[PDB]
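Q: Chain residues, written in single-letter form:
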Amino acid sequence: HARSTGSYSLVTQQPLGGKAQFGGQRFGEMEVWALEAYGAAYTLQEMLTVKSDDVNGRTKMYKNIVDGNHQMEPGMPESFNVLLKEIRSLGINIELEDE
Amino acid sequence: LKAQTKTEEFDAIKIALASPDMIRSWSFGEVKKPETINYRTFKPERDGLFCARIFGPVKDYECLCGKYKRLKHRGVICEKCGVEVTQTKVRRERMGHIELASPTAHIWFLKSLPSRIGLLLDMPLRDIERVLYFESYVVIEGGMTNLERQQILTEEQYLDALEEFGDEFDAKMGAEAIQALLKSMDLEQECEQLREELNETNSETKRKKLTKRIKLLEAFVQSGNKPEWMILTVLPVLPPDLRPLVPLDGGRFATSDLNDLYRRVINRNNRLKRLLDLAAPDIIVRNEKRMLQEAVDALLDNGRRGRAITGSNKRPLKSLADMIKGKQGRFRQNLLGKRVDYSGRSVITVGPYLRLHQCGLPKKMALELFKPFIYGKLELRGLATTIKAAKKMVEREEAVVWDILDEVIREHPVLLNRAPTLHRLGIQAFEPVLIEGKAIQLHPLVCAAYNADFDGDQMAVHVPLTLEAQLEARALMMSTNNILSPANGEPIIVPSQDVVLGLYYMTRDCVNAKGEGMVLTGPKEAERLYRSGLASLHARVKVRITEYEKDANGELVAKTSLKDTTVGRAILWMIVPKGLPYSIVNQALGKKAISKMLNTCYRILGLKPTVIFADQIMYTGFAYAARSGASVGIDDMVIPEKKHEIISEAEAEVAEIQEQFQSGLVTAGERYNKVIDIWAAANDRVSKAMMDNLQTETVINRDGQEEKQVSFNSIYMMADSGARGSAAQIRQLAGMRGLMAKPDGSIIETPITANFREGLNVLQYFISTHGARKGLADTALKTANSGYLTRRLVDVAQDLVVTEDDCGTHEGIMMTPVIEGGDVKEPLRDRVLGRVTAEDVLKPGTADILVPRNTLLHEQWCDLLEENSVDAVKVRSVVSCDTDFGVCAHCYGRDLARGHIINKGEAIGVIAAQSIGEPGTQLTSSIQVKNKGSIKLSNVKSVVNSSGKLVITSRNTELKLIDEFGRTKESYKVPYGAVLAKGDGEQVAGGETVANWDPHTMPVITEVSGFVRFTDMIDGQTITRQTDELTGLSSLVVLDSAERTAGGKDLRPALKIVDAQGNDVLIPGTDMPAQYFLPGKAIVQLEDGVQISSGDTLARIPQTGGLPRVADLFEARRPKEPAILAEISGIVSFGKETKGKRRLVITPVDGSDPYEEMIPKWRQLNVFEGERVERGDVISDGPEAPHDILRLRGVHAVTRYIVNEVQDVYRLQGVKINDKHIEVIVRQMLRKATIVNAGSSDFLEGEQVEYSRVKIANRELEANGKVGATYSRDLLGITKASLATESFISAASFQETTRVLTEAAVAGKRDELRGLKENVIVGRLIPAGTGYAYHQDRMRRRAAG
Amino acid sequence: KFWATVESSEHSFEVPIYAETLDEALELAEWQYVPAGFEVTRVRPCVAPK
Amino acid sequence: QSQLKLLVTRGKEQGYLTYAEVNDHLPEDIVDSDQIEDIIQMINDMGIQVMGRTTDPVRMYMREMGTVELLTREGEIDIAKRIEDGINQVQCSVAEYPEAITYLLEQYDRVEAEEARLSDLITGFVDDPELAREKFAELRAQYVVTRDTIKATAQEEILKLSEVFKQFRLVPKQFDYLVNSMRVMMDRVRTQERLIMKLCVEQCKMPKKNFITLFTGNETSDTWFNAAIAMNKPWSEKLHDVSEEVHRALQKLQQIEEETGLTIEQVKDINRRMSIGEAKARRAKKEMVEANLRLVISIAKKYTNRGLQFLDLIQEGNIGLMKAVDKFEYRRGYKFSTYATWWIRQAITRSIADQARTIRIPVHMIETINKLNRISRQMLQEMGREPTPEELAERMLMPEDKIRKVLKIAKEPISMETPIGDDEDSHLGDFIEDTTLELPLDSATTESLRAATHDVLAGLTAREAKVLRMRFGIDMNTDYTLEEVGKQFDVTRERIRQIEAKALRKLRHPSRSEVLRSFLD
Ligand SMILES: [Mg+2]
Ligand SMILES: [Zn+2]
Ligand SMILES: [Zn+2]
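Keeping their order, the protein sequence lines are chains C, D, M and F.
Heads up: the first sequence begins at 1244 in the entry's author numbering, then just goes up one per residue.
Letter by letter, the second sequence follows residues 8 to 931, 948 to 1126, 1135 to 1376 of the entry's author numbering.
Heads up: the third sequence begins at 15 in the entry's author numbering, then just goes up one per residue.
Letter by letter, the fourth sequence follows residues 6 to 56, 92 to 167, 213 to 236, 243 to 612 of the entry's author numbering.
Excised from the complex, chain C in its bound form:
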């Protein structure tokens, strides 16, 4: 199997089995540890941000990929944002500070 860009989940935006065009490979904790052991930060970021959970990051990437520009303009993965909302749904106030 293999995938470039495919359908995404509704609740949290993530690659998903799509009509049998197959969902993306799961990148697990031990794999994250492997990326951490190596000094490669960006590969890990793009791994768990742009290539997966970033709703803007994905498209804003793809456009650059086809534009011949290899970069990334990351953001907050939809996961952690959903978690911010879920936590803030209680009497718990969690906010981002400074500049």
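Derived from the structure by calculation, the hints contain no laboratory data.
Keep in mind that a hint or two might mislead.
In silico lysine-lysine, PhoX-like type, Cα no more than 20 angstroms apart, as pairs [to be verified]:
(1) M:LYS64 / D:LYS215
(2) C:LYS1303 / D:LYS398
(3) D:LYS76 / D:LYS96
(4) D:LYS213 / M:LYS15
(5) D:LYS280 / F:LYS377
(6) D:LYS50 / F:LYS499
(7) D:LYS983 / D:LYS955
(8) D:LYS399 / C:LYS1306
(9) M:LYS15 / D:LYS216
(10) D:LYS1072 / D:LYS1192
(11) D:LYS39 / D:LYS280
(12) F:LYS264 / D:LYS280
A partial selection of chain D residues facing chain M, derived with a Cβ cut-off under 7 angstroms [to be verified]:
(13) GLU211
(14) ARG1149
(15) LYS1151
(16) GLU1158
(17) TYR1186
(18) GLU1187
(19) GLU1188
(20) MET1189
(21) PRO1191
Every residue, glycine too, gets a C-beta built ideally from N, C-alpha and C.
Chains D, M and F with the ligands: place on chain C using the hints.
A: For chains D, M and F with the ligands alone, kept in the frame of chain C given last:
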């Protein structure tokens, strides 16, 4: 310049309690109705859980009613139904709220482990719940009256108290009461009173439990929170898109349980609001309030009250707490993994035509993968009109797009990964090579790193999109960039199976063959001789070779000579580059030497030559292995001809012991052991028979009768070369296989006689079955265990990363060879190499510095230390590193996939945990010197006897063998009462007798000489009369103080040494006399009046392992039967024993206050009852507690205990792990320290060594002259050490989510990130490696102007 | 205080026992340990050079 | 007599306990981290587990209502008597308020003037539009006879005024508004009274003993003001400072005597009387409900599994019981039990009809579904398998094509957290694809198409580009009407419409048209 308002890239985070107004801030509207959609034309019902007015439009840039449908209309709110026209994405954003009728307790803060409301109010939980449920009234601000404040009342009591005082007294009940309690509370005044109270009563418990609470209180004050907010007024509602109503095929819908819960809460709240306006009786409204509390609680966290069930479904509905926690143990979003685009996977295979930097990538796969790159690259050159056209082109698979794909594939690396990732090598970058097929082709030399077989394992591919990811993959994760194991410097690219058999069959030699004795001008005509079928591969031949050496400074020196070698080796020499001496390939080249070849090649020439060398080696290996025609037949396994006899004799042996059991000559339990011993002894005979009949068995001839050499037998070549198979395995094919054991665990006394080559009857197989089953189960379990250990290890280390460069400390540890048992279970050059010196070491002749100060010790340096006889080198370690919150490079070391010193920003903790966890799947009476050297006695007090011998009077005594070179070879421990035929500085030979003693006897000897007196020994009381019936020589046996009579139990029996005059001979050089008391069950030697001398015994007294062992070690678990140590240095004493136990009174020669402890007497003692023992001495034997080591010995002692023990576990399994990683685990373990003195922080507070030291070192100057406080280092288990983290976001991962979030919330914790895990969760660059620069720069921009 | 060494089940450990006497520490240990089916092995006084 | 042994004993007999229970009972000497965390290991080695008021209100409510004494056949009559005595008292209190009568008369002036309906002003009096039009004139007459008696003979006519006003059954909303108006007026009276009070006792220094002395009975006149301050009292001469404020604020106080047509003395009396009556009423009625709280539970036990919780049922049913107590009259002889039963049952059913659904459906829908559910029962084994989907509604009185839709929406949505196959963390909603999302490929093609169309528009004339962009929403907000285009373009009408067709033709040929042609896939 104006600071900021809108959204830039944010720093850190803050978590705290939310005000009702703060809640209403997020809310864009109130949800006043339980309704969801319209039920016909499905649309959000206004003021419902789903609403366009409150939350957002159902369609992008379109009003709900449909008035303004144009993308032009944006900030306009529709007049019919107010809905701002904006993207529907805002339905994932906008919050809401609910105005509650009556106050409601937040279940998290009520039901938390400490119960935050409770300990804030100092009010018990039971009473609080009693109030909330309207079970009883609680007074609030009772003022001056008959009753106190927190005091609770009942119906009648409250009525009566009300009848007495209407005013100046106040009491309520329910949630409003707790709210009033919290609101009325004055933190300040309470603090003051607590401070006044803390200073009066002096008691441990009182002031401890007081200071803890006042700490918590002032923390809550500084937090910024307020008690009122613990009781919910407004209830926030989550965005609808996070609890979608979305439809499904067949018309059916699906929605989150949060809709059910929220709907219930809204319904009951509304009903309460109605009942209040209806003026319902109390019995009703109370019930409704309780129902509201229950509903809200069920919404926030379900399962803490009733476990409410969802509509039409038995299964309990999932609450918000369950939304945050998730499942599968402790995992929150990106830990447990996640789906990733630009990725794939497939079955894997061979392809040895590959080069170490490349891998076969299926055409279709590469197409679908780089598909977005192909799109742009097509219309970049102009081959496609637009993007759509490009899509159609690759969709039609037009012949051009292949050649267009070859462009994008060229320099763009891909990531290859396997399923059980352990060490960082589990993910390696290669260069894509287009391949026709659906299978992924992998380089053979990497198969060791991946631990991947060809039996249908699958691997996954990932595409490094961003430029930085490409360069990261190429300069870091690249295959050729890691040739070495992170665990140890040894090459991981070492040839595996077929290749080593090939090079083995090459460099092997045969006694007589074609071209024997002939001479050749060089390797060229050697290979030319072999390839022509003229000369045989293996034959003895002298050839002219030119070997080089780099021995000149930075320069290659050329030399040429005639070497005596074999044709095959000479052919192989065509490969080996430059400076390597011909002596490297001149051997048989097993799997070992073939690896050291690559190693040395890397430590001499460089990286590139090592890589190309490796590729060439693999190529020639497979080539000649193919040429070798090596096979395996049934006749290749040779069964010993003598085997059938060895059985018979053994089969006779048991029969002997079978008859003696019938005649009663031997007992059953003895018979079993005899039989099992002889049967097990037969196996060694058969096995070491077949080996001899295998290895040298080939008998050949050269111009004469017969000459024998190593066998060319195939299976043996495999076993010897290291290709596959081993002695234990070949043993099962030819000789008998083992002795099996029933599930009981006991071993059966009828071993399996037949082997695999022979047939196996029913029984034998059936018996082998249990072994098989338990084997599979065991391995399958040890996988999980290894995984868990790895997890705990990564958790305890993590954020530890190289930060500073050189901390510049002379501190470190003393590196010496392990010297275990007979000889050197691990050398010095290993534990030394790759580790920079702490201070300049000296030659035996001093004032000469070979290695200056701190310099990384590489191969040449260690070789120089090897020239000299030096047995010890002081080495800087991570545990001793002075750098706070990290490790300096000059401490850690070099070792890495590269030979150079460790880089700056590399995360060492992670690779440490990985290096320790990866191999962990493989885990489960007289001194005679083995070598020739000179005797050296270490730490011993002894005396010379009347027999001229030497008897040791010291319990702790060491015997080292120091040869003429000055190096320590043998090391042993010599018990008290041992007899030495030698002395310090003597001379011995191999096998020579040095020390002798008896295990069952603990002889009590005498240093001085004279007659033997008897004091405080009375028959029937202290002692007892017993005379031997076989001799008549007797002794009066000392009766133990447990079994003695009424008044004789109080006397301590002794043997006091007297001279001719009848005086007391004193202990030499002291005022203190010599009298040696005797313990219980201690039989004497000579009676009263009988004269003795030195060395004569006064009386002679009678007498887990594997992976979980490592687990126990790292967790610092106290053993079951710990060895007791002397807490204070001094002379030991036995007081009057009490209550089934025994007092032990230590007597300090130095100061004062003789310390006494309770030791159960049943435990066999060690320490001489009448002698002095230093602190840390063994009062009894057995396992030692790590805490005891840390406390009674010290940090350097305990770290050595850990490292040596765990290495004792791993090295026993044949596993190489550098001490470094374990040392970092240790560093993380002892990180915490508990303060003793004061003047800055609290008294008994456990606090970080880094924190404390960074404080006191700041207080040694300025401040007060020194007000700095003392502490004590504390040993924490890896899990307990992992429990401590500054970042609450990181803690919310592996710990319990609820508790962490709550405790962090009440405190107002500000998570500054700075750590790895927390930055991974929030999805930004890791504060290490590549990203380390970024986070450094920002860290500098922060806390500055 | 006094560290009392209690051993039971599959393993052992030390627990703080506060008291004014070693003997008293032992009694308070046992009274607060033995009856639960826990064995009382050892009793040690707390040193801590200050 | 051991604390630890008690902890372990509970944790042995039960076998099984939670962290909190262990934290509740701990050795006197163990308060800290390793002293508990290890004790857990101790306990989790043998008898292993780790994780009065019973909480659940099903109990507490049952007990709290279990206290209340059951009524007697005669006691019901006592309580109902207390009710009657209570209410009609406040009704008479309303009838004695002039503005209450005048309001009714004015609103009826609005009724005959077609500014409002009858249903809002009345439910009928003791009972027709004509009969209403007359009876109202009777009321007005009894008003206009008492209006002129304001001169000791009036107390006689005020009775009859009360009588005729009492004969009206007002719409509950209106009655509520009347009572509200009265109490609000009283609050105004208290505003002025307190304002005048604080300017003497709380400021001007003078006792409430002397202040209320001349206050009661006048409060409007200067008898207590202009005839007072000269009295030579310690609190007398101090009254000169604020003498302006009180006298200025007194105007409204005597104005209330006009607006309400009652002296300040009378107002407080009337409204207080009404308060007494209302309080008496509610006081009896609650006592009536609390006795019948059991019946509600007994009824609610039938409706349990219909998708509402037990306590929800008993609470809605309690509301029903309250309604029953409100609308019941013992004079009818109807047994209160069998009466209130229907009310409680009605509240229950009506509530379940509403809040038991994620998607709330109208009542007639629920009923219509019910009938189909019942019909599908009889033909189940009668047809040998089950009645065909298109044979149900034949017996129903409707077009019969409804069966589909009715059978469709009725089904409740499936929990999104429902565990799917493999029994893993895989849940249903995890497999829900996002359709509403625009795939990145298309989003890129859109950008490329924007640039492309822009390029093609860069090839035309300035005016052709301008007009073709203006005809559509190209690079602009709100595409303009063909007339508006001309309005911005000067020359107008059929002119512009031509250029459009002139542009399209130039962009029709496979030179300029070939670039964006492939977008027509
Ligand atoms: Mg395998
Ligand atoms: Zn609208
Ligand atoms: Zn350092």
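Q: Starting from the hint list further up, note which numbers the structure goes against and sort them upward.
A: none
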